[PDB]
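Single chain ahead, by itself, as structure tokens, in the form deposited in one PDB entry.
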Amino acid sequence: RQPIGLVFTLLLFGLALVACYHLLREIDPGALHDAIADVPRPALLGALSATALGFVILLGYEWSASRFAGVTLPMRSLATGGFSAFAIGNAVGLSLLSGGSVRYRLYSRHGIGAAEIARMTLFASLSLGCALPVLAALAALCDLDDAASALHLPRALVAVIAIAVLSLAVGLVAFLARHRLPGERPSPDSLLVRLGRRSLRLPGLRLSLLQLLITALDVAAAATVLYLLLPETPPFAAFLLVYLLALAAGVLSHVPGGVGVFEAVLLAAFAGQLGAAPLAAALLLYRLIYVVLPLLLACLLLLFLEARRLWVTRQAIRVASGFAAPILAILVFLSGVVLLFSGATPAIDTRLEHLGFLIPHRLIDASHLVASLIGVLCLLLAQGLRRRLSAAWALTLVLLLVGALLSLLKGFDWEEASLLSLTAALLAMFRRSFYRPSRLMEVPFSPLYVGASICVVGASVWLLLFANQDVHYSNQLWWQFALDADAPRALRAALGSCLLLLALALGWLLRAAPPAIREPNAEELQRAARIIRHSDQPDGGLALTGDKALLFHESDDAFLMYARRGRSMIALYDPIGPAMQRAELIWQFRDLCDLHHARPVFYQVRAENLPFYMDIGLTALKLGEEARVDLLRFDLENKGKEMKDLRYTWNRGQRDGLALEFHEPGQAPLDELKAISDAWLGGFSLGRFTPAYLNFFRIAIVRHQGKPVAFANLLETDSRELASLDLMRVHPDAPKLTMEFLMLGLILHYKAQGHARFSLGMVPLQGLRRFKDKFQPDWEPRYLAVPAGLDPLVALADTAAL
């Protein structure tokens, strides 16, 4: 899927480049520059305003999603989320930090469910995805002659196509209206439809109409931006029609920005009618104003919020797994783009002639080549920054500033140097955000980033051909070292960048295979047990069963237990140790998973570590509820119906002759345990009955008039914060209150030693819930972490099987 989808997009981009080259054959860069300069100031200020209007309409797009999913949020929060998600989706879609991710990051602070957000994003996407053809047909129906002229098709054909589209639209609307279940409504604005297999959620009539108006206003404003930039204006209907088609074509192409394809379509539509140069200039200004500008605004906004949050709340925020690393990766990538493009384009003559005196002539050529290499390194270090490396942050901070220096020593291009330096400032300001002390060579291969790198290099070479089209091909251009000669510098640069990218890509591809997963040995198990003791978490006990492999921190202070199942690696709980060790461990696991081409999954995680999973790109699903009784409040001289039932149970148990005794680890009656375990059997998160496992923990045994009837090992630490029990077996013939006596006896015993809390157990998603509730415990949600895209049930079913 991943390589196929990459290759498909890459080829589509490549084709669109070739199309644009063969379409702008007549135009030379001089003409284009003149066309760009031609545009009047009121037109620019108009487009700059229509951008704002069109982005304010995109807030309503988020409002419709909020209403559909039934999410109550503050208006300031909804606005911020809407703007930032749309801005960053539209520009760098699906490559870095998609709109969904930005929604899910921003809205998880308010404590909205992952399913709700997911639904919001899906609605926001499919809204445009399904309302695009309808608006295209509606626009086509106005002035068929103009539309036919634009598309270069017969009037009859486009007419019947429009009629066929609107007929299919109303037909589907009627069909879903037929299967409308009454009564139940998940939200005020939501219908449920029943087909037979699954119940699907569709918008209501009012919401559907309101979003369709919103979509209409959105695409209108978007098209108007591009309309104002054109000196000569074709009929609005046809223009809008083609814009819609082009937008569609760009989105389907799965090209990050829609660049290459969108421009190809517009140019093909109005190659002759509007000319090439004025259109190309309008397209560039459109892309700079409507895509690039908002993205940079969003980048700065979210950086600002992150910095403000860090400054205000200093103590609570410890590890910093916020919203800086992804933005900085984006800005760094853009920087590398800016370096590579500059390297392709020839310098200004005036700047070169001034510089020629100050700097030696060969240094310029050297500077230029190195600056091109640095550009490619900046492309590939985006991934590093994304994964919160510290090495990557150090290297990138150096390169961005060296690159900014060479940008002044290549042709005194201060516009480049300014941006590179500004980026390097922001990168240095967020120093804490990059903590991981891992090796850069250990970063996994990422097809996507390499794909994007190749695309950018392609676009640089395209720009090289288009810029240096006034020089004849010659073999002597390669060696030609002189000031005025721009084309040699570009050629050298392009070759150097192409070789360096190829080298690094091949080096990453051909690397030593990772070691296979093995079970832990005696030493590892002992270390794991040591870690568990010197910690708060007693749930770590299931590490010692020697059934699931162990990932150890470099400091051997904290560890994480995981097991491979099919194509997905599952981690049993949160990592065991201090917070700073936990974050590094969660990343370490993600790295490992990626190396082995497996989905990372975290089973039964607490709420406190959720943002660390959100970082590495997981989503929290409500798995179950975990009960824990607080022994400080709980006392044997308290009131409450359940409490009176418990004391009655305890008193009867004592009178009947039930005795509970605790055996230290090692000194256990293995014969009696084996007997009861066999009796219970006759009649991953489980805990085996191997003696080795049992000798680690102290076992509480209850006896009924002397004979051993039931037992339950106890997970403990050296601290007296929390205590839990994993394995717990009872004899089928035992009295019904015997298990409850054992259970309450445990609670009282831990009260005696003075443990703050006592972990009862988890209920997923009836009897177990009631039984746990009968002790009057404290409930706490337990989550499941799965990749964000689409893996809701497959992973849960697979884990349930395991």
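Between two forms, the rigid core is defined as the largest C-alpha subset superposing within 1.5 Å. Numbering follows the first chain given and starts at 1. Residues that one form lacks are left out of the comparison. Compared with the form deposited in another entry:
Once you line up the core between these two forms, the Cα of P792 ends up 2 Å or more from where it was.
Listed alone, the shifted run between these two forms is 790-802, counting only residues present in both forms whose C-alphas move 2 Å or more over at least three consecutive positions once the core is aligned.
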The other form holds:
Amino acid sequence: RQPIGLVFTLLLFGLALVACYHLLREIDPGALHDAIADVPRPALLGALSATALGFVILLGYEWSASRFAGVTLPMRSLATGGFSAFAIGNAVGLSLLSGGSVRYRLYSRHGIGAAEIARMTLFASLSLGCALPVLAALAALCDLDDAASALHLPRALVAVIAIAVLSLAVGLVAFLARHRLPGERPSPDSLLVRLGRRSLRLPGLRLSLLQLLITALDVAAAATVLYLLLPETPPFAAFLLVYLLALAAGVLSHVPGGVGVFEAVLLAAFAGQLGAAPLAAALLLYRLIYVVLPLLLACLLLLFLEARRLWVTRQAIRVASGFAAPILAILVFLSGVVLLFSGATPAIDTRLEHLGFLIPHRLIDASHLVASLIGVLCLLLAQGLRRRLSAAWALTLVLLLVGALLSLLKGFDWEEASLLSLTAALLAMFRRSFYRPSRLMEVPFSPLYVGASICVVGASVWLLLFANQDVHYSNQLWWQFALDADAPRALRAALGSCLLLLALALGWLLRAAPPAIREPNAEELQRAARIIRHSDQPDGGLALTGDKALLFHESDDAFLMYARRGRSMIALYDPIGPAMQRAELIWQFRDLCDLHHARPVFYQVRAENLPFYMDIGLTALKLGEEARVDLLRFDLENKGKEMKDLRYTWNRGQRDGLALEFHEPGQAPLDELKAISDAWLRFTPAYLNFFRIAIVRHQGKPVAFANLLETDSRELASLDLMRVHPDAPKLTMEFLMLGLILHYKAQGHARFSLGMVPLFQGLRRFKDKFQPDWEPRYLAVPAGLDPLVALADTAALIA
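Can I get the form deposited in another entry as well, since the one above is the form deposited in one PDB entry?
The text that comes after this line covers the one chain and nothing more.
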């Protein structure tokens, strides 16, 4: 899907650029500049106002999603999440940070579930998507003649299509209303409908109406931003209709911004009626104001909140896995876009004239080319930044400063230089955000990032051909080094960019194959065992089974056991070591899964590492609850119903003649354990002789055994393998672990772990007999929240 999807995305973008070139054949870059200058200042204020209103409406859009999801959030939190998710989501789309990914980060702080947020994301997306046909049909149904003239279709055709769409909408509404199950309601404003296979959660009448009213205002507001920037305007009905169709086309095309396809359609519709230059100026300004501007504001706002959090909560925040890294990848990617577009466009004659006297003329040429190569590097380095490489941080920050300098030496492009500097200043402030010391050369290949770069370089060649159309091409142009020669400086830069990008991408893709997964050897198992001993987490003992691969840190103070099943790679617990080592190992595991084209899954993780799992792009799903008794507050002279039941079990066990013995590793009765294991029925001598075995006996004869996970410290201790005979008494087992607890209380262990119950009722009650302290255990899995998949699933179930 990914490769095909990405290819058909690039084609669409490419075809759209061709379309835009043909539609602006009769216009020169002069006429565009004049058209941009022409639009009055009241119109720009009108646009900016309409933009502000149109982004306030999206907050209410976010509120409705929370009501649907049954999520209570503070107003300031909904506001921020509404704005940032819609502002970044609309701009960069899927390429970099998406709407869902923003929502999830932001709304994980308040303890909103991963399921809820997903259901908030889906509702935010689908509600526009599914309203867009209805809104369009209605728009066309006012003044059909104008709509017909705009689309250049027969009046009868567009009439029946609109009617058909409305009728189908009504028929669908009536159908899903038919299967409305009464009684139960997930949220105040929701329904649960049934179709036979799956239950489906739909908004209520009131919420559906309200959402449609919000969607209506939002569209209108957005279309109005464009409508005000047009000197001469068509009837608004037809103009809205077209805008909605262009918007649809942009969405379907899966082009990040909608860029190219949107413009192409608008241009197509109103090529002749309005004229190219006014429309093309309006479309550019519309993009800057309604798309780029709120993105920058959102980016800044999120960086600001990050910076604040670092300033106030200095102690709490340690490893830094927040918003700075994605946001700064975006800004650095935009910085590379600026550099590349700047180069394609010719310079101001006045500036070149004067800068010719300050600089050697042949250095202008050199500066111009180098700036364009740095631009390409900036596009690719954006990935490295996203993955929190310190190398990437340093190299970027150098290239931005050199790029800002060569911006001044090129054509005194002080606007480009100012943007690049400002990006550098931001990137600098967040040095600690990029904390991984991995090599840049070991970043896994990302088709998306390569696809994006190719698009940008494509756009820049489109701009080159448009901006330098006044010159007659010739073979000699390539070798002209003058000052007045602006076209040759474009050409050479263009070729340089394309070649470097091609080279890097080939040098990235044609790389050595990654080594195969192998079970650990004796040395590794011994090194794992060492780490486990000099650590807190005893659950790490399962590593020493030697049936699952071990991934070691560079410092070799930490490791992370995992195993490949099907197309996924399941890690068994959190990494084993300090917080920084844990963060580096989680990133290492992402890297390792990306190199093997496998889905990174983490099994049974604690809540303390959930932000790091968020960082590499996983969602925490509530797997099960792990019960662990506290030995500090546990005493055998206390009172309680369950405590009295336990003391009864204990004393009855002692009177019966049950005895408990502890054997250190190496001196275990292997013959007995084998016989017991066989009677019950991994169990290997190598695995068993790593741990201390507690054996309980009934009147001398061994009645059960259990190996004990334990570290050199006394913070925690667990049990993994534990088998009892069918013929053994029922209270013997309960006596056993009670004996284990007593022994650990004598040794002065802080805590003791029993185990995890998933979702079992009998096991849950049995654990609850000791009155333990519960703690949630999560599962980490990738975030598969594609609107299209969900809509296709809904449509399939409905049909």
